[PDB]
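Colleague: Here are the chains, one letter per residue:
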Amino acid sequence: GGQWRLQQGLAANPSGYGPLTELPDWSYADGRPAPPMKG
Amino acid sequence: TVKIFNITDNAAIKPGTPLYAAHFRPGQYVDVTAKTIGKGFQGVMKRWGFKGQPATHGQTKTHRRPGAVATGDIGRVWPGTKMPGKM
Amino acid sequence: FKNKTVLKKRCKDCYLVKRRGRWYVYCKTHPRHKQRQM
Amino acid sequence: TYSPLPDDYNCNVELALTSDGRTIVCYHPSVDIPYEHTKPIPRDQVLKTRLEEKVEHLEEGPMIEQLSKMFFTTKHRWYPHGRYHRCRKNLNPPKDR
Amino acid sequence: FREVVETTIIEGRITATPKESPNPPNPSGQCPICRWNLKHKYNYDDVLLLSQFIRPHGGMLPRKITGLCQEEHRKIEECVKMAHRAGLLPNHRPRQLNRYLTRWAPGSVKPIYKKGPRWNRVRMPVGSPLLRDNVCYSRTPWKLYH
Amino acid sequence: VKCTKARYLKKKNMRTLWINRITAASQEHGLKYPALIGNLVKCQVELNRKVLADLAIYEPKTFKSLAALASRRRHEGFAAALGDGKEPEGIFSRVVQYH
Amino acid sequence: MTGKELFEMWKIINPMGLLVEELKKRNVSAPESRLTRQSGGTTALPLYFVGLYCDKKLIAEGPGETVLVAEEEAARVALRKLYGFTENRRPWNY
Amino acid sequence: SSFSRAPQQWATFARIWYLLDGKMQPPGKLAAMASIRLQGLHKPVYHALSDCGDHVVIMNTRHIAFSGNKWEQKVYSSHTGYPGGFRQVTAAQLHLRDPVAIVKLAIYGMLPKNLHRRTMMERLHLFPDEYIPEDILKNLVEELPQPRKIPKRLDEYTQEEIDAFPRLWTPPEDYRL
Amino acid sequence: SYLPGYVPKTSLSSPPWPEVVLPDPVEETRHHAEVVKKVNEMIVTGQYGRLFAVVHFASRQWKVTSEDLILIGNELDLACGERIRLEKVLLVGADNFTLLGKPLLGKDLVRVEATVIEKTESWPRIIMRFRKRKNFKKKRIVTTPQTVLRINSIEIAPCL
Ligand SMILES: [Mg+2]
Ligand SMILES: [Mg+2]
Ligand SMILES: [Mg+2]
Ligand SMILES: [Mg+2]
Ligand SMILES: [Zn+2]
Ligand SMILES: [Zn+2]
Numbered sequence: 024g025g026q027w028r029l030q031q032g033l034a035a036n037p038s039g040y041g042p043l044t045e046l047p048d049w050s051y052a053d054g055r056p057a058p059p060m061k062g
Numbered sequence: 175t176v177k178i179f180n181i182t183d184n185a186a187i188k189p190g191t192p193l194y195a196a197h198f199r200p201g202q203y204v205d206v207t208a209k210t211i212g213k214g215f216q217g218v219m220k221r222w223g224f225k226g227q228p229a230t231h232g233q234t235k236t237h238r239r240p241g242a243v244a245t246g247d248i249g250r251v252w253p254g255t256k257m258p259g260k261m
Numbered sequence: 066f067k068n069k070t071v072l073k074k075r076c077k078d079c080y081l082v083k084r085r086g087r088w089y090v091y092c093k094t095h096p097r098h099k100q101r102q103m
Numbered sequence: 035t036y037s038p039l040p041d042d043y044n045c046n047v048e049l050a051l052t053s054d055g056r057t058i059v060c061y062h063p064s065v066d067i068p069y070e071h072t073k074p075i076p077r089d090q091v092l093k094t095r096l097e098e099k100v101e102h103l104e105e106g107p108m109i110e111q112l113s114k115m116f117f118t119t120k121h122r123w124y125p126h127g128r129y130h131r132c133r134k135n136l137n138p139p140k141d142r
Numbered sequence: 035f036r037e038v039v040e041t047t048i049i050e051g052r053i054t055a056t057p058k059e060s061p062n063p064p065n066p067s068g069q070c071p072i073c074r075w076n077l078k079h080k081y082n083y084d085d086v087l088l089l090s091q092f093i094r095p096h097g098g099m100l101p102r103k104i105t106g107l108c109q110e111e112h113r114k115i116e117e118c119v120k121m122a123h124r125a126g127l128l129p130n131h132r133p134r146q147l148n149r150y151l152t153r154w155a156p157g158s159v160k161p162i163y164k165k166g167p168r169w170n171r172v173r174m175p176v177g178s179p180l181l182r183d184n185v186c187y188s189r190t191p192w193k194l195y196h
Numbered sequence: 051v052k053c054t055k056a057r058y059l060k061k062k063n064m065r066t067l068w069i070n071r072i073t074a075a076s077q078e079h080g081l082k083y084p085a086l087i088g089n090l091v092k093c094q095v096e097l098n099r100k101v102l103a104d105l106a107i108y109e110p111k112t113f114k115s116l117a118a119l120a121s122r123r124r125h126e127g128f129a130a131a132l133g134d135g136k137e138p139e140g141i142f143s144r145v146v147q148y149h
Numbered sequence: 223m224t225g226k227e228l229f230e231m232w233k234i235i236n237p238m239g240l241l242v243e244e245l246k247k248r249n250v251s252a253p254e255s256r257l258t259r260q261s262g263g264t265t266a267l268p269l270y271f272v273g274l275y276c277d278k279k280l281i282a283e284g285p286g287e288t289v290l291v292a293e294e295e296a297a298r299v300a301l302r303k304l305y306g307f308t309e310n311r312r313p314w315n316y
Numbered sequence: 002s003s004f005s006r007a008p009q010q011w012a013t014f015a016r017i018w019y020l021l022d023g024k025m026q027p028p029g030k031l032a033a034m035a036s037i038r039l040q041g042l043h044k045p046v047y048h049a050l051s052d053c054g055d056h057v058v059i060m061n062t063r064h065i066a067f068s069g070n071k072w073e074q075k076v077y078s079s080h081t082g083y084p085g086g087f088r089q090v091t092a093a094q095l096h097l098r099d100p101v102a103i104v105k106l107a108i109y110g111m112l113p114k115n116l117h118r119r120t121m122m123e124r125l126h127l128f129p130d131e132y133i134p135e136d137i138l139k140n141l142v143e144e145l146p147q148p149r150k151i152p153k154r155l156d157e158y159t160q161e162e163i164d165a166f167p168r169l170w171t172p173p174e175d176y177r178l
Numbered sequence: 045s046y047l048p049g050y051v052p053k054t055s056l057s058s059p060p061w062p063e064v065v066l067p068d069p070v071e072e073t074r075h076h077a078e079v080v081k082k083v084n085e086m087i088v089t090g091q092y093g094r095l096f097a098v099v100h101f102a103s104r105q106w107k108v109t110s111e112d113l114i115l116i117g118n119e120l121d122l123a124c125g126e127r128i129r130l131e132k133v134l135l136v137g138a139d140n141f142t143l144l145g146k147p148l149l150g151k152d153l154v155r156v157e158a159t160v161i162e163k164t165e166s167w168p169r170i171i172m173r174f175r176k177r178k179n180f181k182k183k184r185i186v187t188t189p190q191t192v193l194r195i196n197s198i199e200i201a202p203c204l
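Chains as they are written, first to last, in UniProt numbering: chain A, 24 to 62; chain B, 175 to 261; chain C, 66 to 103; chain D, 35 to 77, 89 to 142; chain E, 35 to 41, 47 to 134, 146 to 196; chain F, 51 to 149; chain G, 223 to 316; chain H, 2 to 178; chain I, 45 to 204.
Don't read these hints as lab results, they were simulated from the structure. Misleading hints may appear alongside valid ones.
Stated by the list, open to error - Computed cross-link-like contacts, DSS-like style, restricted to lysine-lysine with a CA-CA straight-line distance of at most 30 Å:
id : chain 1 : residue 1 : chain 2 : residue 2
1  : C       : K93       : C       : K67
2  : D       : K114      : H       : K24
3  : G       : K226      : F       : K100
4  : D       : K134      : D       : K120
5  : G       : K278      : D       : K73
6  : E       : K165      : E       : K120
7  : E       : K193      : E       : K165
8  : G       : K303      : G       : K226
9  : F       : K100      : F       : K52
10 : H       : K30       : E       : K80
11 : C       : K93       : E       : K160
12 : F       : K100      : F       : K82
13 : F       : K55       : I       : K176
14 : H       : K114      : F       : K55
15 : C       : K69       : E       : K164
As the list claims (entries may be wrong) - Distance ranges between label pairs, derived from CB positions:
id : chain 1 : residue 1 : chain 2 : residue 2 : range
16 : E       : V172      : D       : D66       : 52 to 60 Å
17 : C       : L81       : H       : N115      : 51 to 59 Å
18 : C       : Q102      : I       : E63       : 47 to 55 Å
C-beta: ideal position from N, C-alpha, C; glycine also.
So here's chain A without its partners, still in its complex pose:
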């Protein structure tokens, strides 16, 4: 659905600049934010 994602402006690859790929993967159980990911 690359063309549809482009039409909506959400890249073409769902791994591109979306919240899905840019939000932190995890955090500590008490709530402390995780150190930033390398990618």
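Once you have looked at the hints, place chains B, C, D, E, F, G, H and I with the ligands on chain A.
Modeller: Just chains B, C, D, E, F, G, H and I with the ligands now, kept in the frame of chain A:
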């Protein structure tokens, strides 16, 4: 020997019954099936009636042998090729 | 019949008929004109 | 009166969207088979009833054809294997759940 | 219509006929099909329409009487032959292999003993190039050759 | 040298297996695989083929829910295409925007 | 005890007997066994889904290769449902 | 499902006997769906090494229909390997000799060309007419829908629909017809 | 009286697929509200057990449940036995209901709690390249780092 004869339903005879020669009659026509006289392993000369090779005129050890069995292009021998065997 | 690729009418009695998937020129007065499309 | 799919084989699917429009909620309770759709469960004077223990030994051929007819296979599955493969088999395979 | 009776006496008599259905959706059309909005929306199955256009014994009716334009007439003719071969007209007969979409007469085609290479393959005709232009209702066009 | 190329081949074959299983389940629900995948993407659910197959096998009711959602999105797309005007976009055709 | 089945830990002999006892002691009509689903039957690999109903209400279902073992499995499923030690139950809280 | 492990495995991997009807269906479409079922590609647990095929029982194979002129075009070729074993029979001749051969050959062609093909063909069952053996009939589940729709000959049309379809043209009163 | 555009019923006068009419938006919206309320009260009461989730992590999508194990193909900068919260939950479900994110569910709605329990290395992997008649041959042995995480809990909260 027991042999199986195909009959129509009006020709059934009770099992256990004796059959004799007069079941046939003169001036009739019949077909007779039997195992032919076994000749053992035989060459192409007797089994298939090939012409073989001439005796004299320089021939090396071939007077009673099959010639070419196939052609060059065929990298095999055709099934059903006439070759020596039990006759 | 004669085999032809291009069939031609040579008489005014010649007629074209398509039979068995092929065209034919049949002439009843001049049978030498019988033609079969090839 | 509109259902995305027929509603009579697995579950009663009901789709919904939250008010903010950010998440989809699916309600899928199971569909149970009707009792009406089921079917009921199917159902020497003088001597012992001697147990009828006959086991005719079939030679390998007719044996293998009987097995192949019984299980709808070919004969090759039933023909045996050599010592090389028999020893190559793992007799203590790993087992998860 | 008109019938001729033989008894020697031969006589012609007029029988009742159907007229045109009251209100065509497109009165401006020049051809029965064009007038009822069916140009590309009938197939060999539409034996109702085909029967409206055929003779009692399976023959076609001429254009100058049916009012059909050449293009529609020829499409009717082809559909009628196809339906006859499929056996969808059991009562318009003259005087076992199940078929459908049969373009050629069954007794005039030779078997494909030698299919060609996959680049010059001899294909098997199905359907009709005249009905090529029918409405598709699908994302893949008709396969006129198998 | 095969242990090295078989890595690529393993990835490709696993994806093909997922696609085949997903097609099986989708046809079980009367849907086709392209329709299912495309309409899930349009609905903005980004489950990959691996978990789609996992749900088809182990979570049949959830998979039926997904198939229903995709079928509804397809119907909404057909409705919008036929309308061709400016009718309301459709409940499940709405796009959540991020900034 | 994490990941095992109730009747994998606690062995029982007659699940149908235990089930009818439990239903009787909580005042429920005795279960009726019915053939909900069937595949094969004449072959050597049949599949029988036997459902246990109470008052024409399905209380359990179970598969098997024979009708009797399918019925026994349905009895075990009903026991698991009644005692709450089911597969999809709420997992332990640590 | 709270099933026990062994019955759960049995239920998941059990075989299913599907029924299919010929009777004016294309052999190719019949073969396609039958081959899918025989391979087990319809199951989401499918895998080539899991032996997940299903039984397919096809009936009225004597009454299949070929589109176009396939009855006379399509040629089935075989070779008894003796010099001159090359035989070619049209679809009509093959159907006349054997009423199930055409469907059998189509399914065989569509099956994957590996060592499981003959096992799948062993699970396939074909019958030329309405008669089905009683054990198979007692095994059957799920008659699958037919691919084609049997276009319903003219004499099979009811008077309601016959009169509901408009008449297209007005014939002249003086035409013999 | 035939409408200007009426087509007589033929095999292909109409599309083969059945005609579908979608529910009207207003009644459908109130229906969605009722359904969401029902699922919410199910969550509030607790009429569920053994939740499962589809979670995005390390570029992968995992279908996990409680008491689970997963193997991540890299080091995670975490000491052994450390509790963390998996957050990018694409999906959460149970028996009779499931919740779908677009594409991610709100963190107020669901928590995944996991525990780093092992930090290990993979078995040695072989990379051999060979080209014939050119004397081309290379061998390399690698051991990718790995992290074993145990999924402890999946929790949902009434927020729909
Ligand atoms: Mg001599
Ligand atoms: Mg010498
Ligand atoms: Mg000599
Ligand atoms: Mg790829
Ligand atoms: Zn002439
Ligand atoms: Zn016209």
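Colleague: Go through the numbered hints given earlier and state which of them the structure violates, listing their numbers in rising order.
Modeller: none
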